[PDB]
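Just one chain is shown here, as structure tokens, and it is the form deposited without the partner chain.
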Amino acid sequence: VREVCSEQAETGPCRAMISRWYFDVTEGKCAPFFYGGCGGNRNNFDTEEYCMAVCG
């Protein structure tokens, strides 16, 4: 909730290129990023609508 929506997008150390969504506080909406497959944080949603459901 709210709090997790403000961490920066974190690709993490793995090598996959998984399209995920994070809430962007500057833009005021969710934006895409490539997630590596491991590590990273809570501001990482499978789809844009999910990201918006939780953060938007």
Given for the second form:
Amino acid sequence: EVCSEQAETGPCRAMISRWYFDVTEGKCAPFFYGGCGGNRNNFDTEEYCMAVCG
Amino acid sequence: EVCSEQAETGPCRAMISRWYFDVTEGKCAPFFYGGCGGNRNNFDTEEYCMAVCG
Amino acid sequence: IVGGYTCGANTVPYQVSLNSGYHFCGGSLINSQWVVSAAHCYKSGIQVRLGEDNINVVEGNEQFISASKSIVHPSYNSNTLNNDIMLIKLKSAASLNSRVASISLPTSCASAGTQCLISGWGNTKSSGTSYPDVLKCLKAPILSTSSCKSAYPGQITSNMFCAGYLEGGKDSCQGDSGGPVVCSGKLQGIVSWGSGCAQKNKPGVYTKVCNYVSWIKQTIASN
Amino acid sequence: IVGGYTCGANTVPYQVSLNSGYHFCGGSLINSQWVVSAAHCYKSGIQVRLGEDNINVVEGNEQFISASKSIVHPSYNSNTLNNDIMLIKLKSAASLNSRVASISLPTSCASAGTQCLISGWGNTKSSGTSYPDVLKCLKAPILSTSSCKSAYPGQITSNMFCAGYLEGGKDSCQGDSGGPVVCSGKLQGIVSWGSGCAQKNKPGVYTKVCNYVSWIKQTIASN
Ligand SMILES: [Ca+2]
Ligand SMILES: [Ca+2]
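Right, the form deposited without the partner chain is done, so what does the form solved in complex with the partner chain look like?
Full assembly next; the chain just shown is listed first.
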């Protein structure tokens, strides 16, 4: 599922605050996304992340 | 890939020290596995984890 | 144990800690040379620790004995968790005393509603982690099979029972596996699995020991 | 910037910080009202910060101006990272002074071996994270296209160039995107991407600015 993938920064070099679902903690946590690539466990807000993965 | 999945404890209740590859840190890190279930990013030793995911 | 309380040093004398450099599972002493635990706790080179309270400090009143053989139940299914029971033979017999004692095996099963004592050194947070130094205890009743089946559709076999609270807040957790569920001075369960820990409508699932007493006796006598 | 050094307050006057509550990308001031950055740094409601050194402390000598419009390059490909360039128009013109100055666009491209100055507030660890308060600088030469192509087989287009060291240890990193690569007083590159940061044989890849000067001029004049 998208919610089980680890948070991926990607090869781009920006530091954009995004959210991913952390299976261990069982909730969404923030991470810095590089701006391109990565995977689907990458959401704009904590709320969106929870609506999809919570 | 197996190396991109988050570390999963599983539904069993043991606390067995295992290893998983952390994509963010780019190396294997330890975690406590419940003893059953979980996923493939789960190795016996740090060395085995690195041989497969490093 | 989530939502439990400090048992008190040596108040659960049959409780053992399984160690392989660190505590990984619990177990119960059934006699001076045999320990009952969960099948998924199986490991090579296990050191059994008896008379233990603070697993992080050696007080000198404990007994550390190596396992000579670990016999997993022949029908243990790692996928279903059915027959999640294992017997461990100690290299040498434990010295039974005020701190080390055996627990009785059941002749009759326990009914729903029975209050049992569950113990272990597992995580104390249902969210996050916090492992205790000392042994924690929890009083919890056995749930009805229908409640159990509904909480875990398709997952409960005749060799499993649910115990705890459907409201959540109190449950066993990671680090408790293999530990005792004692009701009225009898060993009725072994900590096994559950969805998370202390989650509402996700109570703990335990191995129904009364169904294995013969196997236990046959194995002990034949080994 | 991994392996760089503290530039010194206001020694790189054309360097800007893109902010949306926190610094997310860098950029370069090309004139009193236009900033050049990377396409993947595109965002709605960007506040441009000029005359900045410590991004965490407002010293009162900075200029915070909101972006009125961000024009991404029409052929930017998020999959290939080709044409990774964006222009940002400030709501009001910056006050150019000793701390705020524009950088010249190139008329000629730079050749391999040219030493350029790269700057930003990105991660300073090639392993783990450590974000600086103050602006970091790094001197690095432009690599030959063959070296670049071999380090990133199938990934380098004619609008990209590699700069840095194949031995690793010095590179730009997350938080540096959109920043300037200035060679001989001319803006020749924009921080874009790379495999990790400061990794041996994985140098930084930058947008080849000399290929976009016309577009830049056409866009500025038409907006
Ligand atoms: Ca102790
Ligand atoms: Ca400042």
